[PDB]
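Engineer: What follows is each chain in one-letter form.
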Amino acid sequence: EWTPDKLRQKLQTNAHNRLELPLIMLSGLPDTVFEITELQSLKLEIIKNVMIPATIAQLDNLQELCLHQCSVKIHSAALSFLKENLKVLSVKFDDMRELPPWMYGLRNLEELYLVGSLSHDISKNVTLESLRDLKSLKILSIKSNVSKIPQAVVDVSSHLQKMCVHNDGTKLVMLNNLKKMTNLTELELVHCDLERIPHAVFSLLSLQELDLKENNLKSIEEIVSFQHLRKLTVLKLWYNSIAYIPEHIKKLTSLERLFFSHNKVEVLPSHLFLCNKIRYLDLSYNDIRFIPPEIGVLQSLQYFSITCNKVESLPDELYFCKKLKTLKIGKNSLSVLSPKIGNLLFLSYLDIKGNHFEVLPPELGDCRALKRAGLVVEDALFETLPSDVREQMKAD
Amino acid sequence: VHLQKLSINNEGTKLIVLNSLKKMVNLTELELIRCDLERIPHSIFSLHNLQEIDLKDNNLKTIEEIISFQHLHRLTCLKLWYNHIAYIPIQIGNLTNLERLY
Amino acid sequence: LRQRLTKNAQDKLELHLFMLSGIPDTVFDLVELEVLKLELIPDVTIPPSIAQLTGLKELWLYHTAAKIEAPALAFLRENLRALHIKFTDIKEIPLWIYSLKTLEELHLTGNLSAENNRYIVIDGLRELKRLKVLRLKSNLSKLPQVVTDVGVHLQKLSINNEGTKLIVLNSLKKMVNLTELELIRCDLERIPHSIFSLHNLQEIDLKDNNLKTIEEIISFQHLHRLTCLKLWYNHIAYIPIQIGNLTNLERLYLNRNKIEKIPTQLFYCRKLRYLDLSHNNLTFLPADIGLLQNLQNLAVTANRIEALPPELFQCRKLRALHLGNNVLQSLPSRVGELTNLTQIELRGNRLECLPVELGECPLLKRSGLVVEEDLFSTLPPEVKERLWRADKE
Amino acid sequence: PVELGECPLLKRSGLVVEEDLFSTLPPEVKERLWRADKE
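Chains as they are written, first to last, in UniProt numbering: chain A, 408 to 803; chain B, 567 to 668; chain C, 416 to 808; chain D, 770 to 808.
Read the hints as simulated data drawn from the structure, not as lab findings. One thing to keep in mind: the hints can contain errors.
[What the hints assert, rightly or not] Okay, derived cross-link-like pairs now, PhoX-like style, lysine-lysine, Cα gap no bigger than 20 Å in a straight line:
hint : chain 1 : residue 1 : chain 2 : residue 2
1    : A       : 413       : C       : 422
2    : D       : 799       : C       : 422
3    : D       : 780       : D       : 799
4    : C       : 732       : C       : 780
5    : A       : 413       : C       : 427
6    : B       : 580       : A       : 717
7    : A       : 555       : A       : 531
8    : B       : 589       : A       : 717
9    : D       : 799       : C       : 571
10   : A       : 801       : C       : 799
11   : A       : 417       : C       : 422
12   : B       : 589       : A       : 760
13   : C       : 427       : D       : 807
14   : C       : 799       : A       : 760
15   : A       : 684       : A       : 730
16   : B       : 571       : A       : 760
Could you put together the complete structure from these sequences and hints?
Structural biologist: Below is the structure:
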């Protein structure tokens with residue numbers, strides 16, 4: 408059925424810059440597929456009752472495998488070669504048996520994408536707790552309704568580094584299994600229904616980043632132990648419900664990325680901007696009443712998003728901070744764009760979309776890195792530049 | 567807050583506005599088609615981002631609320647069509663910024 | 416069959432015949448054909464109607480024994496010029512392929528070491544005086560002497576041995592006309608003196624030759640013709656400074672190796688236009704890259720570079736930046752200086768955000784700028800719209 | 770001679786010069802001549 412020329416037509420690239428063969432709803436796997444030896448990634452979607460022969464030893468260039476909703480079988484030489492060669496795996500378990508039991512005989516595996524679903528008896532999945540045979544695993548993303556973190560992760564904590572979990576309305580419990588994470592660096596928990604940040608995250612002493620996505624954080628009071636995460640630079644607590652921000656932010660100053668978009672914050676304190684190492688601060692689509700002037704302390708800031716706020720007053724000290732590359736103040740309650748805005752030399756992005764402005768000043772020419780694209784505004788605000796300034800601006 | 571166009575067709579039924587439309591900060595095109603208002607409420611000329619205003623088939627015998635539109639900096643097109651407008655007052659000469667005066 | 420027609424890397428019209436009983440007469444009726452692919456056609460007899468294939472220049476007989484007669488033989492001798500015979504037996508190789516006059520490209524695949532037939536079946540290569548390309552994917556242990564007499568007129572000799580050491584003994588000094596010696600998977604682990612003894616090689620690609628130390632490069636400066644020295648797929652662990660002798664190099668492809676670092680003296684070759692260092696162990700990328708003003712595509716994908724030096728952007732001729740899968744902390748705004756950049760691989764990495772100066776590049780488009788969707792969305796909406804409009808048209 | 774190198778007018782499909790010494794000709798000369806066979 409499938410000539411090699413048809414497979415040349417099917418050849419494409421994927422999300423990881425590998426040569427992918429998308430095989431969709433096939434009866435099986437042809438040997439003509441394995442005749443291709445330049446192949447870097449295999450995509451098998453709902454191709455069930457499939458046995459992998461020794462012929463995959465032809466193509467040495469594989470690095471990624473996409474075994475999606477397909478029950479696959481195996482052969483001894485295939486086990487040996489995919490132990491030696493395969494490193495990236497992306498499977499979908501629509502059915503528990505559609506997850507094959509042989510992923511775990513490998514060792515060279517590094518990336519794993521465990522998309523799908525899970526039942527109530529989570530701990531009974533011995534398929535999970537065989538990754539002790541994996542030695543090189545570093546990326547684990549489990550989009551599933553997982554309520555209890557398995558002892559699998561506890562065992563593989565020594566070499567694992569990235570977590571991405573989408574529970575989608577399922578409460579995540581039993582967080583000691585995330586306490587006994589030791590060498591983990593990235594944690595992206597989505598819709599885990601974690602009411603409070605557990606002591607698990609603070610037991611982590613080398614976490615580069617944390618995501619508490621879609622997690623109902625009403626209050627943030629456990630930040631006192633967050634100082635133990637010296638590697639923590641990213642705190643992407645967006646679409647969250649943090650009503651106010653306390654003084655405990657002073658515990659960690661190594662924080663660099665700070666996403667509180669769509670948060671419940673009412674007034675920023677005097678105590679956020681003490682941590683000068685922050686460069687990447689987000690408050691997009693919040694409802695902050697006004698910006699206090701202590702923003703002047705954040706000099707090493709390069710991103711300050713407060714878009715769709717209720718902020719009626721921008722004091723000139725954020726205009727005094729010239730290292731601020733991105734600064735998004737869109738759809739606030741501000742009145743007039745600052746005339747002395749050309750002082751910000753390194754102002755790459757100024758999203759001030761939908762703000763009630765009157766007339767743009769002529770000093771946008773003094774701004775070195777602000778464009779019409781950068782200064783996104785309503786068009787009746789775009790039409791306001793002097794004619795010589797239009798001549799200097801159309802030529803940038 | 568993010569919505570920018572609201573066009574309500576009612577086949578000849580008057581709504582009760584009652585100045586409940588002032589949260590249209592991002593609205594740019596308020597198009598009352600066959601509203602039969604015969605009057606202009608203050609919420610129409612309170613919304614600073616409105617650029618398209620056509621009071622079509624609203625049976626305006628007189629249009630008298632253009633003077634308060636100067637706080638609204640963004641109005642650029644007054645397509646006053648399909649109406650009972652008997653006369654234009656000479657104060658219409660005060661405007662300069664319209665383009666598609668229909 | 417007419418809608419079946421396709422094209423190759425040489426942009427020549429092919430057609431792949433695959434499990435056919437013979438060649439259909441509808442195939443031979445075609446007159447615009449350039450490459451006819453008789454692959455796995457069981458013992459097909461070639462009729463004289465091959466004369467209808469007026470444009471026919473390339474035949475790839477892949478496990479297809481061709482039975483031919485005198486008029487078709489004459490037409491092939493007077494027209495056909497390139498012939499890639501893939502075989503698994505000596506009988507599969509036809510004897511008439513040695514009688515073609517105009518043949519210039521000849522490719523063999525299949526083991527040639529046999530009893531009482533070692534380098535004797537190809538004794539008819541002396542009849543072929545127009546041969547210029549001779550690829551031998553034959554796992555041969557030594558180069559045949561008949562090929563050495565052919566090498567007076569041969570300009571290209573590529574050997575594939577699949578990990579078998581070829582007994583050089585400096586026997587390639589006869590092919591003074593050789594221009595592209597591409598030892599593919601030869602597993603030499605050393606450079607014999609015959610490689611730099613001949614003066615006519617421009618392109619020397621020692622692909623999977625497993626050379627531990629690249630030490631014979633001092634003698635390559637006498638090769639004024641040498642401008643493409645592709646030392647990829649080797650255990651070169653360090654580059655000695657001596658390569659600074661070779662100033663004529665342009666396409667130095669040094670990728671898929673364990674180079675701990677390319678040194679400053681490596682940049683002493685200002686003529687370097689194409690530089691590939693992908694899948695390497697570099698510590699960083701030095702400043703003397705500013706010297707290489709002619710650089711067009713610098714490829715350091717999946718190497719260890721933490722910060723991009725501004726001297727990289729000092730050059731303006733960059734066109735294809737294979738910078739993906741790296742540990743680049745951020746891309747400096749100086750990429751806005753680059754205009755020739757038509758594609759740049761930025762997927763993966765530790766890229767915090769894409770600077771707006773990427774929109775300043777005119778030649779760059781969405782297909783050129785391969786990056787993750789969220790990182791692309793970090794750009795302002797209107798510059799993304801500009802890039803979209805420049806892309807689709 | 771090396772005078773068969775640069776100019777885009779006199780090239781191989783024009784002039785079929787001796788191929789025995791076309792091998793010892795410089796590669797830029799061969800570039801002009803193969804350019805003839807393409808252009």
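Engineer: Run every hint past the structure and note whether it holds.
Structural biologist: Hints, one by one, checked against the model:
no.: 1; hint: 413(A) with 422(C); verdict: holds, 14 Å
no.: 2; hint: 799(D) with 422(C); verdict: violated, 26 Å
no.: 3; hint: 780(D) with 799(D); verdict: holds, 9 Å
no.: 4; hint: 732(C) with 780(C); verdict: holds, 17 Å
no.: 5; hint: 413(A) with 427(C); verdict: holds, 18 Å
no.: 6; hint: 580(B) with 717(A); verdict: violated, 33 Å
no.: 7; hint: 555(A) with 531(A); verdict: holds, 11 Å
no.: 8; hint: 589(B) with 717(A); verdict: holds, 12 Å
no.: 9; hint: 799(D) with 571(C); verdict: holds, 14 Å
no.: 10; hint: 801(A) with 799(C); verdict: holds, 18 Å
no.: 11; hint: 417(A) with 422(C); verdict: holds, 16 Å
no.: 12; hint: 589(B) with 760(A); verdict: holds, 17 Å
no.: 13; hint: 427(C) with 807(D); verdict: holds, 13 Å
no.: 14; hint: 799(C) with 760(A); verdict: holds, 15 Å
no.: 15; hint: 684(A) with 730(A); verdict: holds, 12 Å
no.: 16; hint: 571(B) with 760(A); verdict: holds, 17 Å
When each numbered hint is compared with the structure, violations occur for hints 2 and 6.
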